[PDB]
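Just one chain is shown here, as structure tokens, and it is the form solved without the partner chain.
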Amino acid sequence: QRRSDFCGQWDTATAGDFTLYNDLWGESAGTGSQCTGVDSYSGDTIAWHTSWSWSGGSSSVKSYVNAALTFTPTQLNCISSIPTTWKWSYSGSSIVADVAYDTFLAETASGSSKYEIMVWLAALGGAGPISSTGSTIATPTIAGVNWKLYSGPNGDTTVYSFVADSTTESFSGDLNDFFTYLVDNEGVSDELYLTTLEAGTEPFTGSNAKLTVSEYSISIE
């Protein structure tokens, strides 16, 4: 833990067009704490970290510390690409957590989400996504990675989660390829607005853990 870190439930920091949210929303489901800090911002690339220990509520996400892009909500129709690079590593013991993009689609620019679309670069310690059946709905290769695609409900929002077959500490590609996949193969409307582009980690449980994000960038064209 650094004295420069922020550890409050809803604390934020800003770097370029990113907001780094602590978003310790599942705090009450366990015992522990989580502190977060920006390390650098160079060009359009952010580097940051978050350290935590969480125990109890084994199946309950404790937080989603994430870097979120500020952008104008745009219809999938109007997106040419979403180039992104993400380099990270995890330290700690008994880590049950994911490292994932979290994105949302709505019928209007500032509307309620019809879909949540996740891209998991890591599923650590048995962490698993929302799934109606408990099995994949597809196993596509996208952005140089072999994925296991799952779907499941969260009330009025459908959650799609692409989970990498292997932990991917260095990822790069066009994130729009995932939206294009779902438009072509899972009946997602390309008239929907992309409202949210986030990249972070969901911890369940673990001790003396730290996500180091050495490089992250994303933009919409």
The other form holds:
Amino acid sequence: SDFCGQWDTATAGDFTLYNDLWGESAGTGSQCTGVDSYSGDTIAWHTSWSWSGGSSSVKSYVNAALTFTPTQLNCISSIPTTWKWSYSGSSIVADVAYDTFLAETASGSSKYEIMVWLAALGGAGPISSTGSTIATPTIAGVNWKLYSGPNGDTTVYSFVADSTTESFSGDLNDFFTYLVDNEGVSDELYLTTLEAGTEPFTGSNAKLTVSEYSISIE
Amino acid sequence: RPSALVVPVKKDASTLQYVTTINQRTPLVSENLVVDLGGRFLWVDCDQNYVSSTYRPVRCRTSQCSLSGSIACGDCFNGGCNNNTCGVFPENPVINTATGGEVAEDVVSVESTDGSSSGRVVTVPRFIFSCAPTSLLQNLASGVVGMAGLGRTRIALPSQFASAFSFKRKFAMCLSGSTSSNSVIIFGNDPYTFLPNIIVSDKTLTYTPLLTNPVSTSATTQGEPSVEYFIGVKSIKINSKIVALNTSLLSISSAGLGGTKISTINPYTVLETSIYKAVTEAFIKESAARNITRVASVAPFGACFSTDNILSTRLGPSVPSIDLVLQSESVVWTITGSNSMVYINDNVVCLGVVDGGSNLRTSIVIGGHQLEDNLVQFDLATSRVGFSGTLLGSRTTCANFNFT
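Starting from the form solved without the partner chain shown above, please give the structure in the form deposited with the partner chain bound.
Expanding to the full complex; the earlier chain stays at the top.
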């Protein structure tokens, strides 16, 4: 049982699974998402898609999103996360990233967006001022590349893996703690969003098989 | 009473003009109209296929004839003349022409909005507009019957609706690159909502003063100002680095030369040779600085480039941004690659800024492509322009309005 609508959704345990085809108007094609297994803080799912056109423009952000209360960084002890996935299909240009947001109120529009890219396929890349790394940190047993750029009234910070990580496990809080210590993000800001998903631009007979995914806030 | 209004817009593929749809005439017909942001009025082709029972000629020396901006009176047909016939001069700006035109009233009907979806239909029984000959449709998108003027007059859509329905004299407009789905313009008040859940309001947009060119480029009235929309660029930055230009050209003079205006008639942003050279050179210079290489110049573009190290981002291709720095140093119209670049095919990306010769009336003209996927709000009452930035940054597009 899947869904193929631009705004079709599904609730499973701690999560809402979003087809969210926000840029379907920029290209030509199809995308269908569905739940495979869920229990509590863990989920499994898949999105098959083929997009052509708009090599620049993202067609969708199919993501599983945790349902939680906005919480201050200085209250977070740990955000344990496990993510195992696989991608089939040809000419895949797309990413697979954790995606989060920090506001100063638990409601106001966002001030920082922090992403952790488990994969950058076929050309996909983060927002950047210079195009160059601002740091190459080693965090949660992975060597990352950190980039940074403006988005409206929001600094976007993206951690990209040096190589494609089909299996990942660790404390996602670390990425915040590092930004707070090294990039001057206020420990008082509220964590409002925690999403793990994939944004494709173009590809053929694709399928992102997320074999297990689990995340919590302690 | 509606708070606001919403019309669809869509990009015609042959011409690259933005095309909208209103309802006019009794019985109502759907009219496709080219959007001319600067235009002075709605003008529609009034030939023998204009059949309506609610059409009325506007007489000269009437209240509605003064409002129109009609400087003259009366008409001479051919084989004799007519005393006072409220003549005006509807303009096709794509072909730099003006024919003569007769003011008239007829019913116009569009959709109301609460700013998030399509509301109940509302109506202006006697909407003031201009007739015109079929010839003024030269080189306009197929299917269209006239031109939607959004300029700064009493009888142009935004102030005339504002006046008709008694809401704030302002309109936002959200252009798209899709020939596929509907884009929208929204007349009336904020906040504009774009699916899934992206709210855009006056608290959210960036504001620069809206400047008035005291002499008209619109060069058909003596000592009559331009009804167009100019904003105050102080410098251009290409990834944090100021490009060496003549800053005198940026400023509107005594004679009305130079400065920056926004338009929907120009599909790509027209740059005067002096600014064009500097912007293009520096853009190439910086693009090579992140290993993005130059390829043959495809028409109609100056610079074009390989997609070999062109990374795809949410904000477009990974090219330097062009920041137009406005009245302060912290107020900037940022232009990412989705707004600067133009895909020719899979392997080539061109810069979407064209050269406009020298001795052009306006130094910088911000064009259609550079407006695409930005919410751009024009407040005529308080004389300002507010802008969202690339809506792709918030993961929405100008085609995400819940239109029906």
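Shifts are known only where both forms have a C-alpha. Here, rigid core means the biggest group of C-alpha atoms that superpose within 1.5 Å across both forms. Positions refer to the first chain, counted from 1.
Core-based superposition between the two forms shows that, of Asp44, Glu191, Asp39, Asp184, only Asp44 has its Cα displaced by 2 Å or more.
Taking the core as reference, the Cα of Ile142 moves 0.6 angstrom between the two forms.
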